[PDB]
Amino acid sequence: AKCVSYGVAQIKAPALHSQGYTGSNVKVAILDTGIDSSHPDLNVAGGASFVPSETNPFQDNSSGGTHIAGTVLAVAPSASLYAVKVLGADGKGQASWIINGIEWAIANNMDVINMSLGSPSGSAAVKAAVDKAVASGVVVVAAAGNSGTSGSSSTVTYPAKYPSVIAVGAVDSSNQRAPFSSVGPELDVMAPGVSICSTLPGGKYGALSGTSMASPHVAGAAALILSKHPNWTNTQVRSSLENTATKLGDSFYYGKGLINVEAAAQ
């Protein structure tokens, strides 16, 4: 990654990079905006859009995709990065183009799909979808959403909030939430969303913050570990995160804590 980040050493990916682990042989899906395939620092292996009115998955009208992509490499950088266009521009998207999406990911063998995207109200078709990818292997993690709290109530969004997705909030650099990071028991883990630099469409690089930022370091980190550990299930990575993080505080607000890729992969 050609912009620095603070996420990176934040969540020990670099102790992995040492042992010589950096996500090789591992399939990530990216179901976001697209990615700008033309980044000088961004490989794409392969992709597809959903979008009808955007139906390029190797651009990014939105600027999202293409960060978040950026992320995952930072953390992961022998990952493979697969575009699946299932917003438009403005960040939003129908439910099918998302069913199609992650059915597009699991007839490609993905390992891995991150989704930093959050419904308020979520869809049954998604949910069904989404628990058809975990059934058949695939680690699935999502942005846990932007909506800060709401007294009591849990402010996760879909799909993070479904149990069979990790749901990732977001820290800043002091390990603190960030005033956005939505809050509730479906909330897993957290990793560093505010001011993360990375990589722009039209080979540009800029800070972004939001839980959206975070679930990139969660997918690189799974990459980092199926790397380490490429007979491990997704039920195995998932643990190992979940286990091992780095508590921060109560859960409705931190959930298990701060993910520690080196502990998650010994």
Given for the second form:
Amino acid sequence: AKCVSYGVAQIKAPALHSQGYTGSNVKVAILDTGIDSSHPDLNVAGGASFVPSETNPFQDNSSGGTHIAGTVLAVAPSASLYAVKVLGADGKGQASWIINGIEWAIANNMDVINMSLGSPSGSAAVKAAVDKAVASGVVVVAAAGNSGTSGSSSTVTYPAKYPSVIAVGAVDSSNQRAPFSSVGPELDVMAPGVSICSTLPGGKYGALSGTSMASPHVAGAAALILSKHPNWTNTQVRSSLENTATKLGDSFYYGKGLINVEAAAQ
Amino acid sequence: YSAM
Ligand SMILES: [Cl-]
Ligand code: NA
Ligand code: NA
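Starting from the form solved without the partner chain shown above, please give the structure in the form deposited with the partner chain bound.
The next block holds the full complex; its first chain is the one shown before.
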């Protein structure tokens, strides 16, 4: 990664890089606004757009998908990225497009899906698609949501709220929960999500914040783990990440805590 | 659905 970010070190990814693990032979689908494949620092192995008004997955008119792709590669420099456009330039998309992206990922043997997206209300059809991806063996990771808190209510967005999906909240560089990061019992783990520098469309770079930035740290961690343990199931990868996380406080706010990919990968 |  050309642009320096604290987040890679914070999740203990360099320990895996020192070991020789970089996420080789792991297919990671970025279900987002596209990936700017023309960026000199990003290689994209394949993809598909399901947004009828934005037909090219290898451009990104929003910036999030490109940034997220870069974070996956900062954590797992050898991962294979796939651009699955399910959100338009305004960052918004429909259930059915998301489903089509999940279905494509299953058909194309993805190992990991990242969904840095959410709705306050669930789709029963998206639930069916994410459940099927997990049953098929895919590690499904999602942003927990940027809906802050609501007293004792969960604010975890869908599909992160489903049991089958790993719900990733955001901490800052001090390991404090970001004010925006959604909360609730459905929260699994935390990762860095404040002022993360990564790739932006047009060969650019910059900092963004959100649970959208936290999720790809966990997707990249999954790729690192699979490169060390290519025989592990998605169940085992998920267990590793959750059971070895660094506890940070009450699970309503932090889940199991900050991922520690060095511990997760043994 | 929105980007987070
Ligand atoms: Cl959903
Ligand atoms: Na975006
Ligand atoms: Na979940």
